[PDB]
Every structure is written in C-alpha cells, then in structure tokens.
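S.K.: Below are the chains, spelled out letter by letter.
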Amino acid sequence: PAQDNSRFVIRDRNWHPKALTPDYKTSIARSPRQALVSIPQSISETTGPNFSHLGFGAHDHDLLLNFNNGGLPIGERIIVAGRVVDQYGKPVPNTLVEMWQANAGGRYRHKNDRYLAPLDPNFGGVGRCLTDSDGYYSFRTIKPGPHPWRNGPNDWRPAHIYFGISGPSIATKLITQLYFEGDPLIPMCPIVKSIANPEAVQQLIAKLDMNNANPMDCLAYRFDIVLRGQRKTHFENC
Amino acid sequence: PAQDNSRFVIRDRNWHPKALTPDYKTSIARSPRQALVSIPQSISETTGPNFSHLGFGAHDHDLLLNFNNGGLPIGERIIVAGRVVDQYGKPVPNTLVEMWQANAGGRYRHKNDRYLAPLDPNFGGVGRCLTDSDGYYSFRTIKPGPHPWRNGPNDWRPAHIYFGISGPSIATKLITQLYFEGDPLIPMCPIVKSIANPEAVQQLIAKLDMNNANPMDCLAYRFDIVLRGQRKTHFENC
Amino acid sequence: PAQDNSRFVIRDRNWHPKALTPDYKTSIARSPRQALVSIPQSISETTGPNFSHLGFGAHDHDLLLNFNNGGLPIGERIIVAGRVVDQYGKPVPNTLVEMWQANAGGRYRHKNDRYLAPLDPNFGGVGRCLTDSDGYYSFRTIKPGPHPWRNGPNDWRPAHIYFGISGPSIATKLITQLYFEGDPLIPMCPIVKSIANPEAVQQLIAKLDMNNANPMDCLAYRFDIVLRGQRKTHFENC
Amino acid sequence: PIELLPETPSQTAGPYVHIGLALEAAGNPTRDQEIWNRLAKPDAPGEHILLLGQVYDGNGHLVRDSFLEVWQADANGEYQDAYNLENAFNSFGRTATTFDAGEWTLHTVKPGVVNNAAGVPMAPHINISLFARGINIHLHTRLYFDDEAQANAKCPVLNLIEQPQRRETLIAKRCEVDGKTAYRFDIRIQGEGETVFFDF
Amino acid sequence: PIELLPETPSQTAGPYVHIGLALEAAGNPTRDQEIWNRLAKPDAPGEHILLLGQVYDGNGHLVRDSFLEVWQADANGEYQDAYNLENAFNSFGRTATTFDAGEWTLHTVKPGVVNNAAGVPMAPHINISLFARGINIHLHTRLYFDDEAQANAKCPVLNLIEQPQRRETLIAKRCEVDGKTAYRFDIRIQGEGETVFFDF
Amino acid sequence: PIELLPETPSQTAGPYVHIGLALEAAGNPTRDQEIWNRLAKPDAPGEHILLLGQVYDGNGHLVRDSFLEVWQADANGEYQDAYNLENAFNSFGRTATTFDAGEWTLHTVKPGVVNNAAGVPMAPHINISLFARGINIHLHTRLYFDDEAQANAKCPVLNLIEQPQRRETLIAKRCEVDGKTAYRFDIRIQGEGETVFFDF
Amino acid sequence: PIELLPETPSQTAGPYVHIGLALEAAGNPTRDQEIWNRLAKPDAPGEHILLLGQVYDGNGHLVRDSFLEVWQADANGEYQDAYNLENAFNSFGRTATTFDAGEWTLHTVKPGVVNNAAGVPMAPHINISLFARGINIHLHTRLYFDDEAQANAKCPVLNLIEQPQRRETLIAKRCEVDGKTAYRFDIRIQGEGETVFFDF
Ligand SMILES: [Cl-]
Ligand SMILES: [Cl-]
Ligand SMILES: [Fe+3]
Ligand SMILES: [Fe+3]
Ligand SMILES: [Fe+3]
Ligand SMILES: [Fe+3]
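Protein chains in written order, with the entry's author numbering: chain O, 301 to 538; chain O', 301 to 538; chain M, 301 to 538; chain C, 1 to 200; chain C', 1 to 200; chain A, 1 to 200; chain A', 1 to 200. A prime marks a further copy of an entry chain.
Think of the hints as simulated: they come from the structure by calculation, not from any bench. Check each hint, because a few of them may be wrong.
[What the hints assert, rightly or not] Distance ranges between label pairs, derived from CB positions: (1) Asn87(C') with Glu86(A'): 53 to 63 Å; (2) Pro9(A') with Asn537(O): 56 to 66 Å; (3) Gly371(O') with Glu168(C'): 54 to 64 Å; (4) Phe356(O') with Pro1(A'): 48 to 58 Å.
All C-beta atoms, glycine included, are put in the ideal place defined by N, C-alpha and C.
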C-alpha cells in the first residue's frame with residue numbers, strides 16, 4: 301500500500317482563482333462564505349491513485365480516431381503535447397492526464413449543450429493518456445471553436461480544452477483549462493479572469509509549436525503543466 | 301457609356317508586395333524581370349464595370365446556407381463585415397466584393413487540393429455581395445483553418461479568406477487576403493511577408509468585433525478595405 | 301542497419317546564409333536561381349554515418365604534434381573545446397568533428413594558396429575527433445592569422461577555423477567557420493555577412509575560456525555547436 | 001525569498017465535465033475501462049456500504065452537475081494506490097449527481113482507522129474533492145460516520161475545526177437503503193449549515 | 001508631405017482562385033448569374049472574334065492556373081460599364097486557363113478606337129489583368145491586333161514603350177479557328193520575349 | 001510560439017576544404033584511415049558501378065574545387081550506418097573534383113529500393129551534398145539512374161518536382177568505362193539545365 | 001479587437017431625483033405637461049388596471065425614495081412610442097414611492113402578448129427600471145401577472161431564469177381595490193425573495 305513519505309508545497313490561493321469571482325455569475329452561489337480550514341498533511345492527503353494498470357484503448361489519446369463513424373472530424377488538426385513537472389522542476393512520470401473539449405464549431409457532445417452549431421458525427425471530444433517516464437504527454441485532436449454561454453448577454457469562451465491531471469497525490473490533483481496563443485477572446489473571458497494575476501493567466505496559454513508539427517498533416521501546440529512541489533519530510537515529531 | 305472624369309492616386313509598389321519575393325517560391329518564375337512601363341491614365345484605365353444589375357442569389361453572401369446539403373457546416377460561425385473606402389476616406393458604394401476560403405479544417409473545395417483534412421458536405425467556400433450605399437459589406441461564414449502547402453518543408457498559411465474588390469475602375473480593382481487577429485502563423489508566412497512593410501501587413505488583419513456579434517449564435521470580425529484615392533481632373537491639356 | 305525513427309526540425313534558411321550574397325563575389329555564379337524543392341523526411345534523410353569505429357591516430361586532435369618535422373609550430377598555443385548539442389539541448393555524443401585552418405600567419409598548407417606569408421614546417425592545419433559520451437570535443441592548435449583574399453580590393457578574413465560536424469544524420473551535417481572573440485575583422489567580412497541576422501553571426505564567435513587554459517602553456521577558446529533538433533515520429537500514416 | 005515555479009492555476013471543470021470524466025452521464029459511449037463509483041467488488045473484506053448525497057448551492061438549490069472524486073483506506077486502514085479494475089478493492093473512485101434528482105452514489109466498504117503524521121488515530125473517513133460549474137478550484141472535504149461517535153470526538157482533524165457545531169457538517173447519517181447499510185452525506189457549499197472545506 | 005490613407009496591399013489570388021471567381025473550373029456548381037468569357041451575344045454589332053492564349057513562366061512552362069480579367073470598348077469605341085447578362089455587349093469579362101492544355105478563350109467583338117486624355121486616338125486594344133499563384137500583385141497588359149498595323153504604329157501608349165522590339169509582345173496574331181476569325185495572344189511573364197506590363 | 005535553440009549557421013567550406021576533408025587532393029600526407037570514394041570492396045554483393053561527374057557554375061565553367069558527400073543504401077535497400085574501413089560496404093563516402101579536369105569519381109554498388117515514410121517505393125538513388133567556395137550552405141541533390149526509367153517515373157520524390165523537364169536533371173547516364181558499368185552525373189548549379197536541389 | 005466610444009457611465013439618481021423627474025413629490029410646482037403614472041385614459045381599449053407596490057432593501061426596510069420608469073405594450077401587444085398627453089394610451093410612464101407609506105401606483109391597461117425575436121410569445125409583462133439613492137446603475141425587471149399562470153409557464157424570458165423559485169419574484173398578485181382590478185408588485189432589492197433583475 302501507499303506510504304506517507306512526502307510533503308507538498310502549500311498552494312498559493314491568490315495565484316489560483318478565488319472561489320468568489322462574481323463576473324463569473326455561477327460562482328456567486330457556489331463559493332463558500334466560510335474560510336477554508338487548514339489541516340496538516342497526513343497519509344490521507346499525501347497519497348493518491350496510480351493508474352499504470354488502467355487499460356487504455358489504442359485511440360484513447362487520439363480524438364481524430366476515437367469517435368470514428370465513417371470519417372475524419374472536420375477542423376484544424378493539431379497535436380497537443382507538453383511535460384508535467386512539479387514546482388521543483390521534477391518530471392511527473394506515469395501520471396493520468398485527461399482532456400475534453402467541444403468540436404470545431406464550439407459544440408459539446410453532451411445532452412445539456414443546445415448551442416445551435418452542429419455536432420460533428422466523427423468527433424467525440426474526450427481523450428486520456430499517461431505521461432511517459434520523462435513526464436511527457438501527447439494528444440491529437442481538432443482545435444475547438446469558441447463557445448457562447450449565458451453569463452453576460454454576449455459572452456464567449458475562447459477556444460479551450462479542459463485538462464485533469466492526477467499527479468502523485470490527491471493534494472496535487474488539478475483540473476484546469478488550456479487556451480491558445482493569440483486568441484483575442486482570452487482577455488475578455490470572465491472565467492479566465494477568475495484568475496486575478498495576469499502572469500498566472502499566461503501559464504494557461506498553449507504556444508504554437510511548429511517544431512512538433514507534421515508537415516502537410518497537422519499543427520501542434522505545447523502546454524506544460526506544473527503541479528505542487530514534492531519534498532521529503534524533515535525534522536518531524538522531534 | 302462610361303466617361304473619363306477622374307484620376308486615381310498612383311499605387312505605392314513598395315507598400316504592396318513586390319513581384320519577386322523568393323521565400324514565396326512560386327514568385328521566382330512568375331515575376332517579370334523587366335521594369336513595368338508607366339502610362340498616363342486614360343478612359344481605358346479610369347473606368348470599369350458596375351455590377352448593380354448583376355442578379356445575386358438569396359444566399360450568395362451567406363456561406364452557412366449557400367452550399368446546403370442537409371445541414372449546417374461545422375466550424376466557428378462568424379460574420380465578416382467592414383467598409384470599403386478610398387484613400388481620401390470616401391465610401392465606395394454599390395461595389396462588387398467577392399470572397400473565397402477553405403473550410404474549418406483548411407481544405408478547399410477545389411479538385412487540385414489534396415490536403416488530407418476532409419471536405420465538409422455543407423460547406424462550399426464562396427461568397428459575393430455589393431457594398432451598400434454607405435460602402436458597407438457583410439458575409440456570414442465559418443472561420444477557415446490553416447492550410448499547409450509545399451513551399452518550405454513545414455509551411456502553413458494562417459487562417460485566411462481571399463477578397464476581390466472591383467471598385468470604380470480597373471485601376472482600383474484588387475485581390476488581397478484577410479487574416480485574423482492574433483493568429484501566431486501570420487509572422488511566419490512567406491506570402492504575408494511578400495509585403496515588406498510591417499505596417500502594411502497590419503492592414504490585412506481583421507479584428508474581433510464583439511459589437512457586431514449575434515449572442516448565442518455567431519462571432520464577428522471587421523475588415524475594412526481602402527482602394528486608391530479618386531479625384532477630379534484639374535488643369536489638363538492647358 | 302539504420303532505421304527511420306526520428307524527425308529533424310526544419311532549417312531556418314533566413315538564419316543560415318542565403319545562397320546568393322553578392323558581396324561574397326564567388327557566390328553570384330555558384331548559387332541556384334530556382335527555388336529549392338522541399339521533400340518530406342524519409343530514411344534516406346534521417347539516417348547517416350556513425351564514426352565510432354573510425355580509427356583515429358594518437359595526435360589527430362592535436363595540431364601542435366600532428367605535423368611534427370623537428371619542432372613545435374610557431375604561434376599562439378590554444379585549446380579549442382566545446383559541446384555539440386541539438387536544438388532541444390540534447391548532447392550529441394560520439395559524433396565526428398573535423399577542423400582545418402591556416403597557420404599563425406594566415407597561410408594554408410594547400411598547393412593553391414600562394415599568399416606570401418610563409419608556411420610553418422611544423423604545422424599542417426587539420427584535426428579530427430569524436431565528441432565524448434557527453435557531447436564534448438577538444439582540439440589543441442595554434443590561433444590562425446587573418447588571410448587576405450581576392451574578393452574586394454582589400455578584403456581580409458578574420459582569424460577562423462573551419463568545422464565540419466556529422467551529427468546523427470545527413471540532415472544534421474554542417475560545415476561552418478569559428479571566429480574569435482573581439483576580432484575587429486569580423487564585422488567587415490563579406491563571408492561573415494552572408495549571414496543576415498547579427499544574432500546568428502554571434503553564434504559563430506568562440507569565447508576566450510580562461511577556465512580551460514593550461515597555465516604557463518596554452519590559452520583556450522570555447523565554441524558550442526547546435527545541430528537540428530531531433531524528435532521521435534508521431535501520428536504518421538494515420 | 002525562494003520562489004519555485006508557480007503551480008498551473010485551477011479553472012472550473014464546467015457543466016460538461018462528464019464528457020471527459022463521467023462518460024455515461026454525458027449521454028455518451030463508455031470505453032472498455034472507466035474509473036467510476038464502485039470501489040469494492042462484493043467479495044472484498046470489510047463492511048459493505050452504500051454512500052449517497054446531494055449538493056446544495058447558497059440559495060438552497062440542488063447542484064445537479066457536480067463531479068466528485070474520493071480517496072479512502074480499505075477496511076484494514078491501508079491506502080491502495082495501485083488502481084486496477086481487477087482489484088477486489090480500490091481506494092479511489094468517482095461519482096456525479098444525476099441531472100434529474102441530483103443524487104450521487106458510491107459503493108464501497110467502511111474505511112479502517114489511519115494515523116496522522118504525529119501517530120494519532122484519525123476517525124474513519126473518506127476524502128472528497130468536489131468539482132462543478134461555478135467552482136473555480138475544487139473543494140476538499142471529509143465524510144465521517146455517525147456510528148463512530150467515540151472516534152470522531154477524538155479525531156485530530158475534526159478537532160482543528162474551531163466551532164464544534166461545524167464538525168457536525170462532516171458526519172454522514174446511517175440509514176438503510178433496500179435492507180442494506182447506507183450513509184447519507186449532503187454537502188452545502190454556502191450559507192446555513194455550510195460544509196467545512198479544507199486547505200492542505 | 002500630404003499622406004493619404006494607405007491602400008490595402010495586394011496578395012496573390014492563389015491556386016484556388018477559381019473557387020471564388022471561375023466556379024466551373026474549380027469543379028463546382030455555378031450560380032444563376034456568373035461573370036464569364038462571353039462579352040458579346042451573337043447579335044451584338046461589330047466584328048465577332050475569338051480570342052485565345054497561353055501564359056508562360058520564366059522557365060518557359062505553362063501557367064495552368066491563370067485567372068484573367070478584361071476590359072474593352074464596344075465596336076463603336078465606347079466603354080459599357082452597366083454590367084448585365086441581358087446586354088448584347090458587356091465591356092468586362094473573365095477567363096482562366098484550362099489545367100490540362102493551359103489555354104484561355106474569350107468571345108467578343110473587336111473594340112473600336114478610343115482617344116487618350118490628350119485627344120490622341122489609341123489603337124484598338126483590350127485591357128488585361130493577370131492573376132495567379134506566385135503573382136503577388138496582378139499584371140496589367142494590353143492586347144492589340146496585328147491587322148491594325150497603321151493604328152498600332154501611331155498609338156501613344158505603344159509609343160511609350162522605349163524599345164520597339166518590346167512593342168511586338170502586345171500584338172495578337174490573326175488566325176482562323178473553325179472558319180471563324182481569331183487572335184492568339186500569348187503572355188510570357190518572364191525572360192525571352194517577356195510581355196510588356198504596365199503601371200498606371 | 002515555441003522557439004528552440006537556434007542551429008549554428010552554415011558558412012562556405014572554402015577553396016581549401018581539401019586540407020581538412022580530402023587530404024590527398026590538398027597535396028598533403030594522409031592519415032592511416034581516411035573517409036574517401038570507395039564505398040564497396042570488390043567482394044561486396046550487388047552490381048559494382050563507377051560514378052563520375054563534373055560540376056558547373058552559372059557561367060558554364062567547371063567548379064574545380066568542389067567537395068561531395070554521398071549517402072546510399074546497400075544492394076538490399078538498407079542503409080549501413082556503422083562506418084568501418086574493414087566493411088565490404090559502407091553507405092557513406094566522400095569525393096572531390098580534380099583541379100585539372102574537374103571530375104569526381106566514386107566506386108560503389110547500385111543501391112536497392114527504399115520506401116518513403118508513407119511506404120511508397122523510391123527509385124534507386126544516391127543522396128549527395130555539395131560543398132565549395134561560393135556555396136554558403138551545402139546543396140542537397142539525388143543521383144538517380146537512367147536504366148531505372150520505369151521506377152523513376154513512379155518515384156514519389158521525383159514526383160514532387162512540379163515540372164517533368166526538371167526531373168531529367170537528376171538522371172545519371174549509363175555508359176561503359178574500361179569495360180565496367182559507369183554512370184555520369186553532372187551538376188549545374190545555376191542557369192540552363194540547373195540541377196534540382198532539395199530542402200528537407 | 002474593435003473598441004467603440006465608451007458609453008457615459010451611470011451614477012445614482014440620488015435622494016432628490018424627484019425635483020427633476022417627479023416634481024409633485026419633491027414638494028414643487030409642476031409644469032403644464034408632465035410624464036407621470038397614468039398610461040391610460042378612461043377611454044383606452046383594454047382591461048383597465050391599477051398597479052401598486054413597495055420596494056424593500058436588504059434589511060427588509062422600505063425604500064421610500066425610489067423612482068420607477070415603465071414601458072409596456074397596449075392591449076393589442078403593440079408598443080406605442082409616440083408619447084403625447086393627448087393619447088388615450090401611452091406605452092411609457094413614471095411613478096415614485098411615497099416618503100410616508102412608500103407605495104407607488106400606476107394607472108394602465110393590461111398589456112397584450114408580444115413575441116420575442118425568435119417568434120415565441122412572451123407572457124403579458126410590464127418592463128420596469130428602478131432608480132434610487134444607493135442604486136449606482138438602474139435595475140431592470142419585469143412585472144408579470146398571476147392571472148396569466150399558463151402563459152407565464154411558457155414565457156421564454158421567465159424560462160431563462162434557471163431556478164423556478166426565482167420566477168415567482170416576478171409575478172404580481174391580483175386583488176380588488178375600491179372595486180377595480182389591481183395587482184401588487186413588490187420588489188426586494190436584496191436578500192430573501194430577492195427580485196430577479198435583468199441585463200440586456
Ligand atoms: Cl452525431
Ligand atoms: Cl462533399
Ligand atoms: Fe467549456
Ligand atoms: Fe489559400
Ligand atoms: Fe579560409
Ligand atoms: Fe446630489
């Protein structure tokens with residue numbers, strides 16, 4: 301079984317978005333009004349699932365082929381790749397990375413999305429993979445379109461892909477959203493702007509990566525992820 | 301019939317791209333090596349077709365509906381609108397504006413395009429309209445995807461839409477390409493860079509126009525066009 | 301035998317010198333006038349020779365002893381050392397590095413060089429080695445002198461040593477010239493200036509490296525070489 | 001001071017989180033292996049329990065698009081990190097609220113006692129992370145059991161909650177669902193009876 | 001000095017120009033009204049002529065993806081700007097080279113004489129703008145007729161070409177295609193026999 | 001966008017390239033092991049062939065100081081990267097033009113067929129890199145064989161050359177030289193008959 | 001992106017709004033023509049109705065200085081923009097709360113049905129803008145009618161309110177006042193029963 305042998309750098313909750321960010325309207329009723337209660341890390345917080353023996357399908361990381369109903373999906377073919385490291389710069393190998401997104405037109409394959417842009421019969425919108433032994437992951441997909449939503453009267457999400465990353469413990473687990481270099485919708489979005497620090501926003505912007513592209517085939521974007529720094533215990537209980 | 305009653309400001313051929321721009325490889329064999337021969341403007345150059353009585357179909361300016369084969373095209377719904385003026389700032393009313401583009405995935409509906417990204421059965425890629433009496437035009441379409449092409453070994457066009465504009469004479473007629481705000485492919489493209497002056501490149505970049513968008517429906521981009529300034533003749537033949 | 305399991309970042313041919321750089325006069329007649337034809341990488345381009353089992357003489361890397369005709373050569377004793385890496389920063393081990401140069405007075409040991417400065421009976425001007433397991437190479441030599449040449453009426457090469465580097469494939473192979481920190485000839489040389497970007501020129505300038513010198517014996521210069529980035533293939537043929 | 005690389009900042013999981021993390025709920029086909037809400041095969045040791053709950057916003061209305069992740073010791077008080085659908089027990093699982101009724105369920109065993117870092121026993125608990133539209137960074141909580149009153153009273157984690165009344169928000173209620181032992185654990189994100197959320 | 005708004009800069013029409021401007025050639029359906037290569041209904045006055053040509057690059061190879069626009073006076077030397085597919089004559093038309101043979105065609109009438117701005121007659125001519133992949137800004141030229149030698153000799157536009165040999169590049173050759181009067185007008189963009197291109 | 005470390009920029013190999021890379025030719029003593037123009041020992045399997053050629057500049061004059069590196073498959077269409085002067089065959093070699101007649105020679109076997117990355121067979125070819133004074137970055141080309149005309153017509157690399165006429169520049173001409181099979185491959189850097197050069 | 005001229009920013013109407021907009025209430029003489037709370041003369045077609053209401057703050061106390069503007073369709077569901085005190089009916093009016101009891105009143109007809117931009121019928125409603133000291137930008141709401149329950153249940157505007165409970169805040173209660181049909185519409189700016197406010 302798992303052991304308590306490490307500690308995780310405390311989160312900066314002014315770097316992360318705060319709970320209450322009223323321009324993102326749904327956060328008003330869904331943010332606690334009491335302060336979070338700080339507790340010391342124990343084996344409960346410092347361990348978590350390892351997914352080495354989860355059985356992945358052949359196309360689980362390839363959205364151009366994992367919803368195949370007779371053709372290729374329509375849209376901009378891209379590889380999304382990067383590295384998962386901790387705050388000390390250590391790679392995070394064999395970690396679960398999951399991603400989901402709308403299609404090229406900003407339509408999600410979810411019963412609750414009624415946006416008038418059509419579904420793509422050959423696009424599902426979900427992928428998963430493990431980072432390799434050096435902490436790298438990669439997916440192939442189509443670039444998602446912006447999605448309008450009922451926040452303000454003319455609010456549109458920038459093109460974005462959701463990411464969930466397990467990391468080595470439940471204390472490191474994170475869901476975030478990737479945005480794309482240059483998207484003029486990024487400065488305007490109340491969800492992006494739930495993050496107060498402009499330098500933190502920049503950390504969510506994937507960069508065009510011509511070096512990783514397949515010529516005559518697909519472009520590529522690079523999105524690196526940093527999880528809480530992990531260190532050994534020292535001088536505890538003495 | 302038409303009359304010679306106006307003169308057009310001479311083109312700045314260092315503002316326009318030069319003929320020979322060798323990083324765009326096809327320009328090497330298709331650029332003259334002799335200097336252009338300057339001639340004075342006559343009725344031949346200072347008149348041109350007016351298309352007021354060209355009969356346009358109901359959807360000729362609407363690419364979401366003008367290639368309808370049972371559904372909507374997949375991709376980012378956008379309005380592309382703007383004003384056509386001359387260099388003096390005068391609007392250019394009732395002028396022909398034609399546009400064409402690839403689909404959301406960068407695939408053109410042309411027999412010669414064999415790029416592996418699929419065609420969209422409900423997307424054709426051509427539109428036309430006349431500017432209104434104040435010089436405004438508008439189209440509805442999907443945002444085109446980048447297109448790889450056999451120039452250098454890893455060359456990709458930014459998302460672009462071709463435009464042709466008649467204006468008041470054959471001397472004003474222009475074909476150009478519209479690019480989209482923030483596209484990180486723009487600085488890298490040898491066709492964009494056939495234009496030497498960075499300020500001229502900026503003139504081809506359409507800006508996100510939230511003010512003209514339809515909420516829960518489509519975004520909008522604004523692309524204004526400036527044609528050669530038109531003035532009356534003065535002090536000629538005396 | 302060799303396999304096709306890697307791809308090499310496409311060359312930036314505006315970072316490299318262009319073929320046609322007329323101030324370097326011989327380039328006028330020895331530059332293509334048609335554009336290069338881009339072809340995709342295959343095993344023909346992504347493989348190349350490995351010289352691990354080429355047999356080196358004891359003094360192959362040591363130009364102070366490899367043309368011994370009774371004494372040491374005259375001139376500034378120096379070590380030239382550095383690392384060969386690729387664009388991702390990865391060391392390039394067991395790669396062939398060859399170098400050749402004029403003597404202390406700018407005279408080459410070649411039948412065709414008739415510059416009036418004398419040959420040195422104990423200097424030949426050629427070295428070779430393999431990089432070590434960590435990508436490092438090392439030569440010992442004499443600092444070459446400037447060499448006048450029949451380009452313009454008073455043109456003089458800065459002090460320079462030619463380098464040839466094989467790397468992992470014929471796609472990475474490179475010949476270049478090393479120049480020396482602070483040499484006032486460097487900005488005036490039409491061969492240096494075949495490279496249009498000043499930052500690129502700076503990448504050819506070896507830096508005085510006192511840390512690597514042998515006191516009371518020889519100085520040292522450091523010259524790191526960057527070859528094209530190598531990556532694995534991904535998502536090809538699917 | 002020493003400044004490390006900043007952590008990637010969190011964002012909401014959004015209303016369509018189920019596309020990626022709860023495929024059935026999205027209305028979509030599942031893959032061969034999914035991480036879901038059954039932590040125990042029937043033959044796993046320990047007391048088999050049904051867990052269930054609803055999630056309320058600050059206006060007392062159901063949060064119908066919640067996504068929950070849970071992490072718990074096996075019956076012997078050991079965390080099992082080697083996730084495998086062949087295992088009799090996994091310490092990790094996922095669940096989500098129905099869009100209709102707003103109820104999530106988990107099938108598990110009651111966790112054994114585990115010690116904190118100072119060697120003091122914590123009361124049996126399940127660690128919970130809650131994600132949804134409108135939640136910018138996930139909320140951490142713990143589910144404890146109302147039939148562990150003696151242990152709960154002595155838990156060094158519960159005892160860090162300054163007001164005793166707030167401790168009650170983390171105690172799940174034992175009941176029976178179809179003759180089988182169950183606990184209800186409702187979460188109130190905001191307002192009257194607001195659930196304690198942790199930082200660590 | 002006085003600086004006006006800069007003109008929008010030109011870009012190549014590209015290899016797929018026919019999608020937008022020559023729908024048939026792209027392999028696509030046409031709309032009800034298209035601007036194309038028939039400037040004259042059969043009953044229009046003047047001498048009915050077939051025009052045709054090929055376009056060569058600097059290596060002497062065919063430019064198979066050329067797009068051409070033409071503007072010419074009617075037989076009476078008047079420019080007709082009111083474009084209408086009901087008209088017996090339009091002064092404007094479009095054509096394109098076949099991808100196979102590389103030949104464009106126009107169906108028109110021989111234009112009448114028009115005076116320049118100083119009142120001097122120009123020889124009969126058709127104004128041509130040439131667009132294609134690899135052409136960054138369109139090339140302007142004129143097609144004159146080899147059976148107008150006397151007028152051509154006196155044309156104040158031709159006479160602005162400094163070298164007489166270059167004038168010959170703008171003179172179309174009279175022939176017969178199927179018993180009907182035709183003129184061939186080839187364009188050489190670059191090199192030996194390079195066609196004169198104008199700026200105005 | 002992502003910017004990697006920039007590659008070290010190329011410079012010309014210069015007129016005295018031979019002293020470093022073609023020691024015999026410089027007029028100088030050779031070392032015990034040199035990389036030179038004999039890729040195949042008499043015992044290597046495959047058809048033993050002589051290759052020879054001259055290099056011309058844009059004025060039609062011999063480039064008497066060229067240096068060439070070559071890379072080819074063995075007779076089985078396999079690339080042999082383990083370079084060793086003890087090998088019956090090496091896939092790599094070097095040659096240079098004589099200052100007197102300006103001819104280079106190579107002693108090799110005809111390469112077997114290799115597929116491109118898409119699995120389509122390439123016609124038999126030798127990869128060539130050409131260096132010299134006046135060449136700021138080496139020119140890449142390929143030598144194909146005129147006795148492989150049917151394979152050459154289907155080569156997906158030759159087919160990337162848009163104009164069929166230019167493909168001819170890459171086809172070496174078979175002849176007999178002292179009773180052995182030979183091919184001449186002349187390179188024209190610039191002008192009429194300019195050899196195709198590649199970027200990859 | 002495209003940035004237009006910025007709109008002039010709002011400021012509170014202040015506690016003395018009445019001197020500019022509700023002259024009677026300020027304690028001041030009125031002009032010959034005032035825009036006030038009688039939208040319908042006795043002769044206007046439709047069901048004549050009295051509307052009345054009070055406004056509460058977040059502490060449950062009356063807002064005794066509120067100013068309200070209203071906009072509604074006539075009995076045919078048509079908006080009448082040509083404001084004239086000679087009209088039997090005007091679509092626009094103003095009212096204010098008494099400083100003493102804090103009640104506003106309006107004299108009008110029940111509006112007819114109007115469709116949204118998509119052609120779907122809206123339940124009968126009055127559009128309201130609320131101004132006062134402490135309100136930095138006016139609050140928009142709508143008054144619907146409790147005797148239109150079946151129409152209200154299908155209103156595509158009421159249906160944009162995610163929680164059915166909040167829709168109830170917009171439904172005025174029918175009563176009789178001195179033998180005439182009346183509806184009470186109370187507004188709670190903040191807290192329990194907070195009235196829905198719109199942005200458009
Ligand atoms: Cl579908
Ligand atoms: Cl189709
Ligand atoms: Fe989203
Ligand atoms: Fe294009
Ligand atoms: Fe030199
Ligand atoms: Fe005031």
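S.K.: Now tell me if each hint is right for this structure.
M.R.: The hints, checked one at a time:
no., hint, verdict
1, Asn87(C') with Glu86(A'): 53 to 63 Å, "holds (57 Å)"
2, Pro9(A') with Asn537(O): 56 to 66 Å, "holds (59 Å)"
3, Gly371(O') with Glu168(C'): 54 to 64 Å, "holds (57 Å)"
4, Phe356(O') with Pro1(A'): 48 to 58 Å, "violated (30 Å)"
Going down the numbered hints, you'll see the structure goes against just number 4.
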